[PDB]
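It is the complex with one fewer protein chain than it really has, and the rest are unchanged in position.
By letter and in written order, the chains are A, B and C; residue numbering begins at 1 in each of them.
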Amino acid sequence: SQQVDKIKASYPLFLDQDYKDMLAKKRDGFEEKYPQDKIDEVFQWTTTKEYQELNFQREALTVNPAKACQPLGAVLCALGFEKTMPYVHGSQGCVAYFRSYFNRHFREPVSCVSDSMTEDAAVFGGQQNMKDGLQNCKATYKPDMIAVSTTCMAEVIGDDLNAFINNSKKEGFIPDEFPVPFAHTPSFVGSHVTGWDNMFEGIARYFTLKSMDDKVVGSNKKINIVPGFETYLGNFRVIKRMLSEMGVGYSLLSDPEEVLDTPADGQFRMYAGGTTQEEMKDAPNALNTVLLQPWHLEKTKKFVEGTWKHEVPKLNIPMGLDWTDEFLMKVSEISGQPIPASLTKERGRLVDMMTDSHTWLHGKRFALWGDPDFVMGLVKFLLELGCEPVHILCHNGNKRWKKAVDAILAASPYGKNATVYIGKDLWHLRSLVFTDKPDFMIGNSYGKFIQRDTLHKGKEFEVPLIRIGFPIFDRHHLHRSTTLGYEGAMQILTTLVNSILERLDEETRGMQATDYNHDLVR
Amino acid sequence: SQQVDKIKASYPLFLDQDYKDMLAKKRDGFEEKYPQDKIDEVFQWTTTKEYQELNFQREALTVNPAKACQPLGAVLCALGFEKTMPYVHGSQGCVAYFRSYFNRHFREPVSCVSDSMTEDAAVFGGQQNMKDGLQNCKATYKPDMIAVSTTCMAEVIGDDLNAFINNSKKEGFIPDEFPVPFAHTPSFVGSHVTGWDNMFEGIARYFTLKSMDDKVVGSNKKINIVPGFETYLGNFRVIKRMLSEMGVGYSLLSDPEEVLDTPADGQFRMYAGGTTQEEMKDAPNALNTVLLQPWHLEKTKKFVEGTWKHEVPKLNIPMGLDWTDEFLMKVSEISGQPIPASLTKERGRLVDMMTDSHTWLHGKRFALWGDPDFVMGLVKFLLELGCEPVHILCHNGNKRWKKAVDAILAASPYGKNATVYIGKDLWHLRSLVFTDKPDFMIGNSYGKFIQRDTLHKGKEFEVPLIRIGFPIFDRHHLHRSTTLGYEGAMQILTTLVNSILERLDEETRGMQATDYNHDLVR
Amino acid sequence: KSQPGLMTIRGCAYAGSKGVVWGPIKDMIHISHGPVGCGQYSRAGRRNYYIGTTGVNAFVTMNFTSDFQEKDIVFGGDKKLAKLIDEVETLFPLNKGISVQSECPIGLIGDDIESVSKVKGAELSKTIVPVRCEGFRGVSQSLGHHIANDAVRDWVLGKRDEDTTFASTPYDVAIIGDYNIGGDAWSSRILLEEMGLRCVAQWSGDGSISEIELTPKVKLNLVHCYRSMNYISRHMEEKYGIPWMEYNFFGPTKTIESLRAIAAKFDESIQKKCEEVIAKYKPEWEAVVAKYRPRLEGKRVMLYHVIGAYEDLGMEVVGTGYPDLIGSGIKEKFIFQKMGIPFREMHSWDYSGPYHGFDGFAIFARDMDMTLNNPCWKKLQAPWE
Partner (left out) sequence: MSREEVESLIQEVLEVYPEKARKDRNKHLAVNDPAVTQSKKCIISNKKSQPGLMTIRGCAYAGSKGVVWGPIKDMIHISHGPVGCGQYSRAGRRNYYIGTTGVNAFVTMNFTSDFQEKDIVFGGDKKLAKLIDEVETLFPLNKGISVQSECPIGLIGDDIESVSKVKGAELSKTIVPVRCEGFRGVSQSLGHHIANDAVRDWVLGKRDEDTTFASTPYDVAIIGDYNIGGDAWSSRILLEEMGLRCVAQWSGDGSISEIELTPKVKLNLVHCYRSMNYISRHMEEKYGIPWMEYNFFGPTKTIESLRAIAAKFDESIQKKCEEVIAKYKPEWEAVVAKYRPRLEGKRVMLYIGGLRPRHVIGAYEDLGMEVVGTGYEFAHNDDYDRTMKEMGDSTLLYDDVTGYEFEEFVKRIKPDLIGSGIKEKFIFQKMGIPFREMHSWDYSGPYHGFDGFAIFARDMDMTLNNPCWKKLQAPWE
């Protein structure tokens, strides 16, 4: 039943008595459900240490991964260039999933095309698919560039991207001068961030490999900034703002900020902003190239150091206080511009906030996950705040990155209880937070289920989730946030301290039970 | 008892068995506590409509007021001027309370002095107190200006501020040219915002009344912006940023943003930034004066229109979409500058966020309180979002302001179930949210207790509090937020929609009971 | 086939099989066999509602995968699949069956998932369903539906053919093709069981493998999604002689008509119960129409089964595919939002719902009035432009 004045959606409509009776009869008559005592026993077993050993003995089964496949990162990288059309050579369902994923995260239109390779292409390849797709895509969506990645089927059948593009240009499907950079993005190697690296390196190779004769390092008095796989618009904004404050000439290569934040004014813009082709062509002339996320831009670093001859600085991600300081000092050294008083005042205000919130932030325990650079920056920032990142999970991290994070943890007294897990998924982390319960989790929306599981064990066992990372699906407009620089550090500190304060308020809201600690002033 | 590995603070230390037994023994043996059945009966009665009628029949008792006294707003206004010491003629307890209040809201030092009027001055007046205090303050804290307000003691005694300042200057306690603007701030008239208006009018009159012979309107090609009683630093910043983007000369009179956000860099700054005396002197030369919060700047508006001859534009607070739009059109008309593409893009992005979150924001009911302009801006924004501000409460609002808010509600289909309450306090609002339960409340930290009360009735009766307004004591660094302009509307919208989504997540986190609606995507 | 490089909404065979058909089976564990991407992008993407303890006896919103790497591509993943099945048995003992949904590389590397499934199922006495649903097969999710239906037929439907212990009643019906998006199948089931009928089976939405096995015991098969289940309905008619009929619970007129049509297949007691249910629900949807039709009368709708509710609210559907409003997916939602037209997702019901039935009609009308008459759509052009 429904009431017209108060219409109930599925919650709490399905909590009504008739629906409960119908569901109970369905379950007891036809579902053959296990007894509720058996379900409770199995759940309690899954929350135990022995189940944790069984879970960590896994070698072939992945449950709830914390990563995606390369072409998603390749598409995100391609979206960062001016009037550039992402094009995945292979199966269409991959492109549908990529567009849906980015649509749900950014709440924005996401442009990506596929050449719709079918069973026939499993025999003679997708050469005809490449020709028809390039021709039709250029004719219909009129991009200045088409950036080509691959699906897993194309990598398995061994499609040669370069030869297919050359034949498409030779047979007149597309003009020979039309820029079509490509990158092989095998979805069974690495993850989405690897795809971002591959796509960016392919585009840089396309525009700069054959034009190095006239290039002189530091002739346009600019610094190249390579952001990497980045799903916070505020991060691009803060890097650009901090560089402009310093008066430092910069080129943000693969900037998707404009196309991921198109205003609603009555018209749909397929393309907006982004790195121009002239910027990519002039990139070797810069003083240097700074990689914002060095741990998934290895191929890009190799190309920039080996072709552009840029001495890429060994910089951490500009996350937290110390690493933002190092980034600003290195930018000052490269460009010669002194750090302005505005940035010094912003740093002092961040330090003021840390000082104000340190009592509530001290000793708190966190289980966190995400991409390597973001995770390591979060670990550094938590160590700066006196927090304890007990469970550090990076499904797409490697041994060298784990070594770096362990070195970071060893330098701080708050990294004593920390452990880094590479190759593990969110089921491993669910076991970890059941057996060694932290105060909070930090991660994407997929962690919301872990919290639910903890709440099933008991309110005292519940580990609340803080949504920093990618993807965030169950909250709106969190992609607009910042995690880089002093501004990102301030936002993250505010989020952490206020999450602690909401949790304390919830725990002390019981009148005559716990409300003696329901302080007005905190 | 405590374990040194996990030391418990009061929560949850006092939940231990021995503390529970000790508290039970104390209550049963010596407190003569009412029976728990009687207590529950009385609470349930307080949640009813009959109790609401009794509560709203109040005429002499005020319970949990939603306003402060004039000298607090006067001190805030004085804080917005360069090297200006707030000086309250009267008793020192008021100054201690003002400084503590602003310290807890801003988490920053707040400088203010008193002349320590003692009962020996309760008969003869505070002339000697005024002379000694002015001399001591100027000698010790070296301000370029001393801005004088009064406590209720001095107002009741009838101390003559003008004559006392003149006698202090005449007797050589302070130099004749030293600026000592003053204002009478009776704490029994109006509220803190009235004190801000009185202090600003005193300073403007001091610096301009005797020098209007050479003033020409529009000669400096600037616009005076009067913020009023403002406790969000982001509001000052957003006004300055929007005016700078438009290429509009402006003079933010009483800008306390710098002094309330000093960096923590090893030194203490008593004074920082603020409106200069040259700016205040040249203010009559401006094209016009725009009041950000006209409903508590009546005296300032009267003075500006009658003395500076500025045709003050009839403008609402620049809150929400339409009112920010109107503010930008009026500023463009006054200054002649067109509205740049960046502000148009920001408006379009705010509209985009509105269209993204309208499904979750539509039909939600809110009980809100605060200062008059803040709450009318909040009501207008909620109407723009499709929300229903069912309970609008303004302890320091008047009848004409209520007429304005009712007119605002009448223009919208979503203001049909909305009621405006002036002269009512938070106990009235508690009865309102019990008898006519909204989805959320919007207000200061004082609302948290209301939420606790609602939670005592039941989880299905709990009304969550969204902390927007002044003061916010139980959360950190929310004073850095923005509520004005497109950016302020963005922040408010993000907070509202994520509050709704967090509440929905909490309601549907019950495993096998409500988690059928625990969607990953929302 | 789809034209290359034109930007299709269309999914793949894996999305049709795992995402649509097999996934909502709550007590079964579904393995996305292959690289991580397909499993990760489809995890909890569809709102096929269910009742259970996720991770213990229900696994719908979880993502199990083989996480194929280069070594698995080069040397095959059959040994990996067998080890994965052993680990699934070890860590999820209350799973009542395993499905192995193939991704694109599985077919191309010559993996024999059928032999692995047969061997492991014989060893563990468990039903393991190999589904050859590689994404490159076919041109859309339709072949995914077909392959999933063939897998259901070959591996699940007929394992209780000999079984007779089930006590069948003359009023046994099975709901087929209703995936319980936002609780739609529950809202249909409440009406059907209010009619005196007994929904023995309801798959895939909130579906059990046991009731899939009980489907050949029902007297009538009520098919909502004809496209994804016509194959199994036809096979069940040919093999078990069970009549299958289509129904529509979208909008009060359509659900009244469907209830009468379904009751006409049974005796007069069911028809009397149908009349009682229709009379009982008449005031509710009548009041909903009275409230919301004036707000939505004379409004044109474009879309890309549901026309009945739109017309019952006073709307006019002037566009459909496989204006004052557009109803489509998430990939077109923001594109149409930026051109300024109110939009509704007709795949997840904009995370609202349910929409089927008399209860769902109130939610549907509220949502249409909410989105179409939202003030955000009148605030598109800046007042200075």
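Just so it is clear, a contact is a pair of C-beta atoms (placed from the backbone, for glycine too) under 8 Å apart; a residue touches a chain by one contact, two chains touch by 3 or more.
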| item | value |
| --- | --- |
| Among B:22, B:410 or B:411, the residue in touch with the chain that has been omitted | B:22 |
| Identified contact with the non-displayed chain, of B:80, B:133, B:181 or B:386 | B:133 |
| Given B:152, B:203, B:367 or B:468, the one touching the chain that is not displayed | B:152 |
| Which residue of B:101, B:196 or B:232 touches the chain not shown here | B:101 |
| Touch with the omitted chain, as defined above, among B:37, B:59, B:176 or B:460 | B:59 |
| On chain A, residues whose C-beta touches the chain left out of the figure | 321-322, 325-326, 328-329, 332, 339, 344, 347-348, 351-352, 354-356, 358-359, 362-363, 383-386, 412, 511-512, 515-517, 519-522 |
| Chain B residues that touch the omitted chain in the full complex | 1-4, 7-10, 13-14, 18-19, 22-23, 25-27, 29-34, 38-39, 42-43, 46, 51, 54-55, 58-65, 67-69, 71-72, 87, 90-101, 103-104, 107-119, 121-122, 129-130, 132-137, 139-141, 151-153, 156-157, 186-189, 191, 262-269, 427, 430, 446, 449, 452-453, 456 |
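Heads up, the rule we're going with is that only the chains that are shown with their structure count from here on.
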| item | value |
| --- | --- |
| A-C or B-C, whichever has more C-beta pairs in contact | A-C |
| Centre-to-centre distance between chain B and chain A (centres being mean Cα positions), rounded to whole Å | 38 |
| CA centroid of chain B to CA centroid of chain C, Å | 52 |
| Interface hub residues of chain B, defined as touching at least two other chains | 344, 347-348, 351-352, 354-356, 511, 515-517, 519-522 |
| Multi-chain contact residues (two or more partners), chain C | 43, 45, 49, 51-54, 61, 183, 334, 337-338, 352, 366, 380, 382 |
